[PDB]
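Only one chain is included here, represented as structure tokens and corresponding to the form solved without the ligand.
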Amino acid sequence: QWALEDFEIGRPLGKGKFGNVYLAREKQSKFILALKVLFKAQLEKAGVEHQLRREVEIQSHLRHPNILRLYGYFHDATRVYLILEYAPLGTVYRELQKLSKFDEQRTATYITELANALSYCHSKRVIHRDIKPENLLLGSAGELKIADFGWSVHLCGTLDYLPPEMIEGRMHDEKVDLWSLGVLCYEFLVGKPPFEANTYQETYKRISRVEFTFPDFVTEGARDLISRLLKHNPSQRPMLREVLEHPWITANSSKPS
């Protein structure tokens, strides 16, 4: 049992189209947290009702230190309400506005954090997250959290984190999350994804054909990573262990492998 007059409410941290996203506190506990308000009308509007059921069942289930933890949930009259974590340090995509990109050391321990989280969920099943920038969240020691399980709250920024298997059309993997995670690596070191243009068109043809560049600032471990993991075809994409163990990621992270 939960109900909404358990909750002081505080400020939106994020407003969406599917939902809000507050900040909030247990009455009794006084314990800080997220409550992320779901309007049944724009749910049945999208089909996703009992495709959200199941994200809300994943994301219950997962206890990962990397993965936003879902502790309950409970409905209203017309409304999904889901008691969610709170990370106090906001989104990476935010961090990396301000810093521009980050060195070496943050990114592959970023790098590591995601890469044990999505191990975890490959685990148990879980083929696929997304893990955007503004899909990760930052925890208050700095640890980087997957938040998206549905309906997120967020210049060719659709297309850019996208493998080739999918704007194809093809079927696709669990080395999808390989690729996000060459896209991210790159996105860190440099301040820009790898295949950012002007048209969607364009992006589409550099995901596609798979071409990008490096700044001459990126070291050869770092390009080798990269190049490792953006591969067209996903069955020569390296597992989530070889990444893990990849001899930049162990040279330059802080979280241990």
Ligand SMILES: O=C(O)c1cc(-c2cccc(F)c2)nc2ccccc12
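Here the rigid core means the biggest group of C-alpha atoms that line up within 1.5 Å when the two forms are laid on top of each other. Numbering follows the first chain given and starts at 1. First, how it differs from the form deposited with the ligand bound.
- With the core held fixed between the two forms, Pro234 has its Cα displaced by under 2 Å.
- After superposition on the rigid core, displacement of the C-alpha of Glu202 between the two forms amounts to 2 Å or more.
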The other form holds:
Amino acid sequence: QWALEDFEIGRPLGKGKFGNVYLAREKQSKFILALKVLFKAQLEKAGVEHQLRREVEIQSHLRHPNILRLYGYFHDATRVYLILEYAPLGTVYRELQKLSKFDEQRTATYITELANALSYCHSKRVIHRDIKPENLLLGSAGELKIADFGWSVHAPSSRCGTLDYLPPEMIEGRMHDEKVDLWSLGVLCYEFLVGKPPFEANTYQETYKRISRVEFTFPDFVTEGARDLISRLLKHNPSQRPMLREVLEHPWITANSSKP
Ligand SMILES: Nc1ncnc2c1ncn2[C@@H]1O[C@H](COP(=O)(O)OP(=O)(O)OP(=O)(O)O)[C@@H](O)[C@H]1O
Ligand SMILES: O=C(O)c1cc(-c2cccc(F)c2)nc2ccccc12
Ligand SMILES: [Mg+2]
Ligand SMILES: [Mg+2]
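Could the form deposited with the ligand bound be shown next, to go alongside the form solved without the ligand?
To see the whole picture, the full complex is given below, headed by that same chain.
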């Protein structure tokens, strides 16, 4: 259905572990899109060909204003091509670098959109397991959009990078469910307000200890409504974390998030 012939390749949009993302335009419709390239050599050597097919199937069946659309895909003699929706405002990661911290309005709005998207994700019983600011893009009106889906799967499961966003049941090799995403939401909220995630360390081996113990402290400026929600999401026992409906209705979310 799709071949590389059908697009014109603009500038690079970012580097992934297995290749680049380029700006691109469909020649006959003039549609603007992002076109992720992955190299088959490196995909074979790493052994993720089947894992990538799992990402591609889960993502093409999702449609939500805060999930990044996958339109299609194709491959050739040496590479695989994912045709993704183009997010014109870049990543949340670069927004943090430029501003250092976020105010409570931006944070509570981002947490809302994140929780909405993860609610829909769970209704199709999909778990993302890897929401990093690296993987949260921003639409042309500033809306938050989840991307990647590289390490995502169906609940439950038990299948690299930094430990920082992984919950304790995952880093301990144990079995994990849909509350993996609730711990992740707690980590982002912290990082959005503070400028660094709550378990950062300069070594992998200490981030392990600090996640496992849940050893973290708030600085002065974090108001008590935000300490309340974060502490309720960063709980070693998965069952003691709330569900997304409680998050969407937390007094701190409602007072600071923007309206529908
Ligand atoms: N649709 C897009 N629009 C703009 N920038 C993007 C888009 N998709 C990705 N990027 C940028 O390119 C980078 C790499 O993309 P991505 O995270 O999807 O690759 P990856 O992490 O290597 O995926 P994989 O799990 O398959 O190895 C991102 O960190 C982001 O900065
Ligand atoms: O055997 C293949 O031709 C092949 C196909 C694909 C591929 C094609 C469509 C979708 C998708 F997710 C992956 N990925 C690969 C990765 C490494 C080595 C070979 C391949
Ligand atoms: Mg094959
Ligand atoms: Mg990524």
